[PDB]
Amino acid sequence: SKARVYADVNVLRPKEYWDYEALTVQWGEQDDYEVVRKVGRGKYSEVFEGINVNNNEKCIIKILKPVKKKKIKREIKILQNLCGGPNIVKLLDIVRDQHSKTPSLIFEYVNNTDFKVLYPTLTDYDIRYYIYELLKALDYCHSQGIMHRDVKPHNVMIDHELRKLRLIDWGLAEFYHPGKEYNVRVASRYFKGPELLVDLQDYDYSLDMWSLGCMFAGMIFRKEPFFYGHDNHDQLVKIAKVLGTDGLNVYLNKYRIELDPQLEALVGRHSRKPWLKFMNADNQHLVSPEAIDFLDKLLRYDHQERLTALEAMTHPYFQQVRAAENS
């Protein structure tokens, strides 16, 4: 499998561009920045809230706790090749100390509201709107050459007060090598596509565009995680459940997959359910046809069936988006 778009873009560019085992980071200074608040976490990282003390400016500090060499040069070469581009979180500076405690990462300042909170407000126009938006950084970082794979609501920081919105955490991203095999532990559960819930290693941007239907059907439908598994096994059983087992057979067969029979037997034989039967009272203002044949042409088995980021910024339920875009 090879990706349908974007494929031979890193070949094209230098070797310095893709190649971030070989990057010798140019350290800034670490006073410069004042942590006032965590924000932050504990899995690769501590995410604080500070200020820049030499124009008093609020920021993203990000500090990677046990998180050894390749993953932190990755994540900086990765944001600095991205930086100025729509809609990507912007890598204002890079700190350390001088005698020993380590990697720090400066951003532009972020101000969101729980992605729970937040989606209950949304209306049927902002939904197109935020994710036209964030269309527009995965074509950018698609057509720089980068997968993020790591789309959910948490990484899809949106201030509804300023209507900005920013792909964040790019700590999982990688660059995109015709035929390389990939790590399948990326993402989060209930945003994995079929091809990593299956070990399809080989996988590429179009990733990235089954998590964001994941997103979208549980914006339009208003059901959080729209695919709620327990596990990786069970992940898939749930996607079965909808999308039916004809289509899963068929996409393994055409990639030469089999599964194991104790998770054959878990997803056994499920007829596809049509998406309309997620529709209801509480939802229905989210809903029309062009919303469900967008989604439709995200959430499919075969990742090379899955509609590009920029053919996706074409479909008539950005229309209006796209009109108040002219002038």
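Take the two forms, superpose them, and find the largest set of C-alpha atoms that agree within 1.5 Å; that set is the rigid core. Numbering follows the first chain given and starts at 1. Compared with the form deposited in another entry:
Only one entry in 124, 97, 199, 246 has its C-alpha moved by 2 angstroms or more between these two forms when the rigid core is superposed, and that entry is 97.
Complement to the form deposited in one PDB entry: the form deposited in another entry:
Below: the lone chain, stripped of partners and molecules.
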């Protein structure tokens, strides 16, 4: 399988662009940056609000848990390559504790609002607007030959006050090379595309569009998460109970994948469930025919059939947002 767009980005660019293993990190001064308070944490890092002692400006400090040097070089190089793109978090500095040699990445400060309280208050238009802004970031990174691979609400920072959005945590992102086989143990469970759940390793930028779709479905249906699987196998079953088993089997035979017997049995047979059946009194104000049409072009088994981020931004569902932007 190859990507339908931006397939040759890394083929055209110099090896220095994408050979992250050969990067040479110019370490800054650890003292320039002081931690003020913890604002987050995950499996690979702790995140703090900090201060730049010289300009006394706020910043974000991400202290990395121990991992192989390669993964560290990957995140940095990707951040450096994307620096300046729309709605991509900006890496400001890189520093290491002399003794421990524990790295910290320093980023511009963003005043994020917790999605668990933000989302149920967004109005129809707000959704349109933030999903458009997230699309700009995704089209930009794909255009630069990179896949994010962990798109989820937690990785989308929003400052509802200022209307500002940033795509963060590029720790799982990789460079796309035509025909390369990637690890399928990426993304977070609820946002994993079928390709990952069926061991299709030669995936591409379209993976991020599946994840974006899941996010979107979650916001317009107020059903977070939308596909609530317990383990990887159950995740596939949860998708199949909605999209239906016929499309899955068409997909598997097209890419010549055999599902493992246990899994096959878990999946079973299921008819497709119309998106309208998830409509209810709490979400109704969010669910236009254009919302459903867009969602439908995102959540497809076949990664090759999904809308690309560029196409997505021109869908009529966004036209007011576009108009607003054109001043």
